[PDB]
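For reference, the chain that follows is the form solved without this ligand, supplied as structure tokens.
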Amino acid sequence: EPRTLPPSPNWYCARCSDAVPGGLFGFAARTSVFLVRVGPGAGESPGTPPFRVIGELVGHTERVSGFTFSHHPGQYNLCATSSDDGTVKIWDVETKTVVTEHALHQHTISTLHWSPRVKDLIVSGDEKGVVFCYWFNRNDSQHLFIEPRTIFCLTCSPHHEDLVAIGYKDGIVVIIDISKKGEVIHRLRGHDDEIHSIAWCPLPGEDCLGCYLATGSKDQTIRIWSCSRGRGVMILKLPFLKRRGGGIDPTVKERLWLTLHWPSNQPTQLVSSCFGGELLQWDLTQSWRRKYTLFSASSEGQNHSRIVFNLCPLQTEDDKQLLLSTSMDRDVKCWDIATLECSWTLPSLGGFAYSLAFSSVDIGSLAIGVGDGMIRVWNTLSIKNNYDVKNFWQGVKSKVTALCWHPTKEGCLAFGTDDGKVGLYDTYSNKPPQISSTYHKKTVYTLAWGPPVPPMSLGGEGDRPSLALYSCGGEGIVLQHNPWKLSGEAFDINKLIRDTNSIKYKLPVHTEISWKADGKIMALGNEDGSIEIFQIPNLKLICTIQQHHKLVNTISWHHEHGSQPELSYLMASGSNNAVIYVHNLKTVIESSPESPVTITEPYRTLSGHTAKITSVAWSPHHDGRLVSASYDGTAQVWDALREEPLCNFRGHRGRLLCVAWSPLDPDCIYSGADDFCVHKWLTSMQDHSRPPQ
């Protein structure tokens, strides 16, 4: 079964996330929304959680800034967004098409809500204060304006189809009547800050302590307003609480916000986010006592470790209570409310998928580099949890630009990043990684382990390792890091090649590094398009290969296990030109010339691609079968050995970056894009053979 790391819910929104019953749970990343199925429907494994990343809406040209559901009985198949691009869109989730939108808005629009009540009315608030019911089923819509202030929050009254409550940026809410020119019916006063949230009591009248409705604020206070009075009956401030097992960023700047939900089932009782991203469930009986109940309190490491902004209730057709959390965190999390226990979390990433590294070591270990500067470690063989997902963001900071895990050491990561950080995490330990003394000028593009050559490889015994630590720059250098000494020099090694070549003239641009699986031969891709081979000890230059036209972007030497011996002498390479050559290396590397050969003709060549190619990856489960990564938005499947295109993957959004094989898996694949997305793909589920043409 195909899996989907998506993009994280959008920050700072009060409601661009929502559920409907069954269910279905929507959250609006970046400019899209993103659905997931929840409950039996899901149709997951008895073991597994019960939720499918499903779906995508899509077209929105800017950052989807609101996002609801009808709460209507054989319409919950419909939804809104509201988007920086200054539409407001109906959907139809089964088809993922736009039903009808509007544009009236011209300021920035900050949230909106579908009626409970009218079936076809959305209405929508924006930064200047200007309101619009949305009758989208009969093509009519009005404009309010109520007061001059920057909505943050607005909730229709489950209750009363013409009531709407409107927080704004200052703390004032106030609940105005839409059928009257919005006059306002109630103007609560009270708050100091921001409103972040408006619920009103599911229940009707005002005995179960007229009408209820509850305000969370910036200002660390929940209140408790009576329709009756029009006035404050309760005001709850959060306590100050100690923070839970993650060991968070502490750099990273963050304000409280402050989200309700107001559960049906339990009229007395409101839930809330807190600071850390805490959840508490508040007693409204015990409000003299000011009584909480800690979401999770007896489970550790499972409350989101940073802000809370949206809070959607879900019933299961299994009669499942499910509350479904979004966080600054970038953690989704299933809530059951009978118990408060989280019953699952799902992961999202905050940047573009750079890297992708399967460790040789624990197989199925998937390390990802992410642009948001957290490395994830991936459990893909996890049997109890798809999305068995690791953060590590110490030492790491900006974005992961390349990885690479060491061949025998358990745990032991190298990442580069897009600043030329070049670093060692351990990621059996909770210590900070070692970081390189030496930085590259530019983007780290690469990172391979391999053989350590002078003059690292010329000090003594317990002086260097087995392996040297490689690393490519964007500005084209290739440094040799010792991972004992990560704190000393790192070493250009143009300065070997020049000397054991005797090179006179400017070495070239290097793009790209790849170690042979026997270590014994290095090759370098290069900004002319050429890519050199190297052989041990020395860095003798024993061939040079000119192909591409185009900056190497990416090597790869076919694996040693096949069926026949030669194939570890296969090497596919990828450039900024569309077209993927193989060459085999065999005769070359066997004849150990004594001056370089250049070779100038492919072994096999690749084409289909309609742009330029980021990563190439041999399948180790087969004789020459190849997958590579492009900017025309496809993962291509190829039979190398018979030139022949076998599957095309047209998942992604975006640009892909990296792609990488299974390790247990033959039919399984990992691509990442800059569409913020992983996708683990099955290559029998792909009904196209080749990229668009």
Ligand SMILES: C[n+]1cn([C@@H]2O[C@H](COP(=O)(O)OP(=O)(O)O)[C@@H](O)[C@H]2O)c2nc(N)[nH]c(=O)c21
Contents of the next structure:
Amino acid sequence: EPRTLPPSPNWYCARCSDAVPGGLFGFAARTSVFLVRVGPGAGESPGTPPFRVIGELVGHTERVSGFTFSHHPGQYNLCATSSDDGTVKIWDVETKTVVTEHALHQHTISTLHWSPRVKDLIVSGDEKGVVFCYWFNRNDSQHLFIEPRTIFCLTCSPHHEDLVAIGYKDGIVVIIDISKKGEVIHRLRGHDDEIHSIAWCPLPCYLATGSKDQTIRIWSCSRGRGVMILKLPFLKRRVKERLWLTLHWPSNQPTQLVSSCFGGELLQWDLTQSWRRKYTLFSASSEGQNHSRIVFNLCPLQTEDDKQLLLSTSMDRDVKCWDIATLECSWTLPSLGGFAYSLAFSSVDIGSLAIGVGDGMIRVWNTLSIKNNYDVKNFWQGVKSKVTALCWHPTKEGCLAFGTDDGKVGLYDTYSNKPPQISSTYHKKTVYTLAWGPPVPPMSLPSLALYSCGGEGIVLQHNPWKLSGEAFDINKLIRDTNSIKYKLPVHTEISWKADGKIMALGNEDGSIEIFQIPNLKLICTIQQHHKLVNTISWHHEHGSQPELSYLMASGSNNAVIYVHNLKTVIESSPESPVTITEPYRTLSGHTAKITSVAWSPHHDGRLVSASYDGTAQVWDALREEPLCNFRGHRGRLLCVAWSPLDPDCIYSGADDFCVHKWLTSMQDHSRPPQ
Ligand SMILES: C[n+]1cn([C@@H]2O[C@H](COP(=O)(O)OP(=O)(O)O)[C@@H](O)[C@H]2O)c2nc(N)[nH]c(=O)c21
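Starting from the form solved without this ligand shown above, please give the structure in the form deposited with this ligand bound.
In what comes next, the whole complex appears, and the chain from above leads the way.
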């Protein structure tokens, strides 16, 4: 399996993640459940954090709203999910397949719980207050209804196999007996708002409830009354955001109770110090290890080497693992909240990978961290909208160019906390391409200019030193230099040659026009593609044969990839432009549009391509031979990038909300699926 940057855990679900001893962690994300092996079984270096994304539960067609592991010894491999598609599925995580399922619910399911006491019991509840009890082994059921209120959470008793606690949207908490046709045994009034979490005392009774009303309440089953009220402290920061108050009652420390707080802070409440309402802040000493937005779920995981771990899911899109013994953050697994549109490695900071995501946050992945496989920085300043284009500055470290789907073009400094400069001139459509190169008139009359291409077909030339100034339409220069009466084509791609002496423009009609410095004289037009040009890449200038740097790969809405050698036509320097209609090489194999191509900086004529067919293909372009096909993604690939340091390592991003880091040598398939 490849190293994976997963989709964000789902929000506002009382229980859409869970863990089992060993062990294995699973979290709902969009329509799937992603499994994470944690501990010795993850197979990681003694330095790097002991975890790894190993699998995915695929089958649901709508949002997964609930997830629960079977905590019965021997059946830690069984789990259950709930979905907005109306179904409850039982899974086998070792085969990622569905054992059995049901669709008994007639309304949108809220959550579900695997009974801690009965091997095959799974209780679920929907937003009309309907509860189904499901025994999957003998395929039995029990339609129940308690109160005409929206169910938010439910938790089976770990001690009594017939007791189930249910929390509602209005603050009502009930404990029912499922053997007595769902009779309300206790009715707990006190909360004024949504119940988010319900935890029973691990010792055989007491139970704790967490609510949006900022209070935690401990109740006694004997008296059916509340014995303790814990209100959240108004702590200091370390934006209108509502609270989510979830709980964990550690079986090791029955006198302690873990909860979330404002801003995603985690708290450990000492219940013996009742009147003192004494708590301890998680990672109280260290800064920046804590979540920055609210926490939704908490899952206890004891590893095989007896480590007490706690996993948290958050709105800040991080998944964190805490050591309960120290209350410190062991590690962090970042996640994506949208499409992975662009990938770009810096030529200055060689291992620095920038990721353009559809949730309005730029990720910078330090792929060279020895102690951390997921060293990822977030940048949300002045972005908001989807980042659809990225390009590092070629010489200035920490300077990143970015473009958004609403036509914005910006300059972000990642070494500092300076707000990004936003260009005044913007495109009427999505910025699909950015490129650095030598400034052309009128700008040249800065060392490098930032070029941006938008969906409307305009390519703007930006000034780095004066971003708020006026960006120039290069069509105004092309029209004059090459003397063109009729209108110019819709540009869809821009790619500079390595020497900065040649700029290539791809168009909606499928043609690629070849211009040259300093006035963009049209010396060549490639008529090969008959559909919109998506991507163009020039070969690097440090191959065995320096004549390789005249090779140009291109991808369009057709599945066929073309390579064109431009040694002759460029070195001939024709005053009359030349039309080329023959490919120097041809790469067939993909079955859908090509979104991205890139040359390996480690080899000669080795190309990687990203396609809507759901795969990435590695070619030996010179011999037109497919080498390996990566099929890890479940969606359509939007971008691909070669590791600058490892010749065997490639990164890819798709609309499945995933970035995969994979090895060419580990791929069994050689060509795309047919
Ligand atoms: C219009 N357009 C679409 N793409 C590619 O196609 C993806 C999305 O294309 P889309 O038109 O936004 O939606 P659709 O193709 O699924 O119907 C983007 O992530 C790009 O990789 C494009 N890529 C480039 N370079 N230029 C373009 O004008 C362009």
